[PDB]
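S.K.: Next come the chains, spelled out residue by residue.
2 protein chains.
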Amino acid sequence: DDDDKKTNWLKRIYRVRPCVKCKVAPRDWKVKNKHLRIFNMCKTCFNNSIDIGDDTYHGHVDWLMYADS
Amino acid sequence: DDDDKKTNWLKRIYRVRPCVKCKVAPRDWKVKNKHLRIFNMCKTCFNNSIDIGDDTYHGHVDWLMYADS
Ligand SMILES: Nc1ncnc2c1ncn2[C@@H]1O[C@H](COP(=O)(O)OP(=O)(O)OP(=O)(O)O)[C@@H](O)[C@H]1O
Ligand SMILES: Nc1ncnc2c1ncn2[C@@H]1O[C@H](COP(=O)(O)OP(=O)(O)OP(=O)(O)O)[C@@H](O)[C@H]1O
Ligand SMILES: [Cl-]
Ligand SMILES: [Zn+2]
Ligand SMILES: [Zn+2]
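Protein sequences, first through last, are from chains A and A'. A prime marks a further copy of an entry chain. Quick note: the first sequence uses PDB author numbering, first residue 5, plus one each step. Quick note: the second sequence uses PDB author numbering, first residue 5, plus one each step.
Incorrect hints may appear among the rest.
[As the list claims (entries may be wrong)] Here are the simulated SDA-like cross-link-like pairs (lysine to any residue), alpha carbons at most 20 Å apart as the crow flies:
(1) 34/A to 62/A'
(2) 15/A' to 72/A
(3) 38/A to 25/A'
(4) 25/A to 12/A'
(5) 9/A to 27/A'
(6) 10/A to 48/A'
(7) 34/A' to 73/A
(8) 10/A' to 54/A
(9) 27/A to 5/A'
(10) 15/A to 68/A
(11) 9/A' to 57/A
(12) 36/A' to 63/A
(13) 47/A to 23/A'
(14) 25/A to 73/A'
(15) 10/A to 52/A'
(16) 25/A to 68/A
(17) 10/A' to 52/A'
(18) 36/A to 58/A'
(19) 38/A to 23/A'
(20) 10/A to 20/A'
(21) 9/A to 5/A'
(22) 38/A to 10/A'
(23) 34/A to 72/A'
(24) 15/A to 66/A'
(25) 15/A to 36/A'
(26) 25/A' to 52/A'
(27) 36/A to 70/A
(28) 10/A to 5/A'
(29) 9/A to 30/A'
(30) 25/A to 63/A
These aren't lab readings, by the way, just hints derived from the structure by calculation.
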């Protein structure tokens, strides 16, 4: 089933690329109607970046949650 | 840059999962406005499936080509 190919992919994408900053915690993320937005950092590193004044790692990547658009 | 994260991902997704049927040739694919549709089979196995009467591997998965939706 094609939606499952998509879901296993998103499951893998999320598991193997941790927070770009601490390199260990997994990323923050939210559901965005029909997309999964994976943020670049976990919530702790993100809050921290604001406090330290660094916006270098700010961002996200959206993923369609279904096989067909 | 976030679009590059998306592009490298799509580049990897395409490289490491070959045709579901011959398991060696890479998949057929087309650009679909703002999505990349990766088909399940290469063109040769797909044409062949029609000739043999097998629709088991027919399908695709669409991928947003950008980081933001
Ligand atoms: N955990 C995080 N890691 C990296 N960047 C983040 C994280 N959380 C938010 N950002 C980024 O901070 C910038 C401003 O964040 P913002 O919360 O506006 O994103 P958003 O998903 O649009 O939320 P909202 O819809 O509430 O504005 C955006 O680029 C967002 O990608
Ligand atoms: N190379 C392929 N491997 C697997 N399935 C395919 C392949 N090519 C087409 N199909 C599938 O065959 C079914 C009918 O194909 P079709 O060509 O209608 O797809 P399509 O991208 O909608 O093309 P069109 O817009 O011309 O109809 C669809 O499920 C499509 O996913
Ligand atoms: Cl996607
Ligand atoms: Zn972190
Ligand atoms: Zn094949």
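S.K.: Now look at each hint and say whether the structure bears it out.
M.R.: Against the structure, the hints come out as follows:
At roughly 31 Å between alpha-carbon atoms, residue 34/A and residue 62/A' are farther apart than 20 Å, so this suggested pair is violated. The suggested pairing of residue 15/A' with residue 72/A holds, with an alpha-carbon distance near 19 Å, which does not exceed 20 Å. At roughly 30 Å between alpha-carbon atoms, residue 38/A and residue 25/A' are farther apart than 20 Å, so this suggested pair is violated. For the given pair, residue 25/A sits about 19 Å from residue 12/A' by alpha-carbon distance, which is consistent with the 20 Å threshold.
Note on residue 9/A and residue 27/A': the hinted pairing holds, with a Cα-Cα distance of about 16 Å set against a maximum of 20 Å. About 24 Å separates the Cα atoms of residue 10/A and residue 48/A', which puts this hinted pair outside 20 Å; it is violated. Restraint check: the Cα-Cα separation between residue 34/A' and residue 73/A comes to about 13 Å, which is no more than 20 Å; the hinted pair holds. With a C-alpha separation of about 25 Å, the suggested pair residue 10/A' and residue 54/A falls outside the 20 Å cut-off, and the hint is violated.
For a cut-off of 20 Å, the pair hint linking residue 27/A to residue 5/A' stands: about 17 Å separates their Cα positions. Distance check on the hinted pair: residue 15/A and residue 68/A sit about 13 Å apart at the alpha-carbon level, within 20 Å; holds. About 23 Å separates the Cα atoms of residue 9/A' and residue 57/A, which puts this hinted pair outside 20 Å; it is violated. For the suggested pair residue 36/A' and residue 63/A, the alpha carbons sit about 25 Å apart, so the restraint of at most 20 Å is broken.
Annotation: proposed proximity of residue 47/A to residue 23/A' is violated, straight-line Cα distance about 38 Å (limit 20 Å). Taken as a hint, the residue 25/A and residue 73/A' pair is broken in the structure, with Cα atoms around 24 Å apart against an allowance of 20 Å. This hinted pair does not check out: residue 10/A and residue 52/A' have alpha carbons roughly 25 Å apart, beyond 20 Å. Taking the CA atoms of residue 25/A and residue 68/A, the gap is about 25 Å. The hint is violated against a cut of 20 Å.
Only pairs whose Cα atoms come within 20 Å are accepted, and residue 10/A' paired with residue 52/A' is rejected, the gap being roughly 32 Å. As the CA atoms of residue 36/A and residue 58/A' are separated by approximately 37 Å, the hinted pair breaks the 20 Å bound. Straight-line distance between C-alpha atoms of residue 38/A and residue 23/A' comes to about 27 Å, which puts the hinted pair past the 20 Å bound. Taking the CA atoms of residue 10/A and residue 20/A', the gap is about 14 Å. The hint holds against a cut of 20 Å.
With a C-alpha separation of about 26 Å, the suggested pair residue 9/A and residue 5/A' falls outside the 20 Å cut-off, and the hint is violated. Taken as a hint, the residue 38/A and residue 10/A' pair is honoured in the structure, with Cα atoms around 17 Å apart against an allowance of 20 Å. Proximity of residue 34/A to residue 72/A' is assessed by CA-CA distance (about 13 Å); at most 20 Å being required, the pair is judged to hold. For the hint linking residue 15/A to residue 66/A', the alpha-carbon distance of about 16 Å falls within 20 Å, and the restraint holds.
At roughly 24 Å between alpha-carbon atoms, residue 15/A and residue 36/A' are farther apart than 20 Å, so this suggested pair is violated. A hinted pair counts as satisfied when its Cα atoms are at most 20 Å apart, and residue 25/A' with residue 52/A' qualifies at roughly 10 Å. Of the supplied pair hints, the one linking residue 36/A and residue 70/A holds, its CA atoms being roughly 13 Å apart against a limit of 20 Å. Taking the CA atoms of residue 10/A and residue 5/A', the gap is near 24 Å; set against the 20 Å cutoff, the hint is violated.
Using a Cα cut-off of 20 Å, the hinted pair residue 9/A and residue 30/A' holds, with the two alpha carbons roughly 16 Å apart. A threshold of 20 Å between alpha carbons decides the hint, and for residue 25/A with residue 63/A the separation of about 12 Å falls inside it, so the pair holds.
When each numbered hint is compared with the structure, violations occur for hints 1, 3, 6, 8, 11, 12, 13, 14, 15, 16, 17, 18, 19, 21, 25 and 28.
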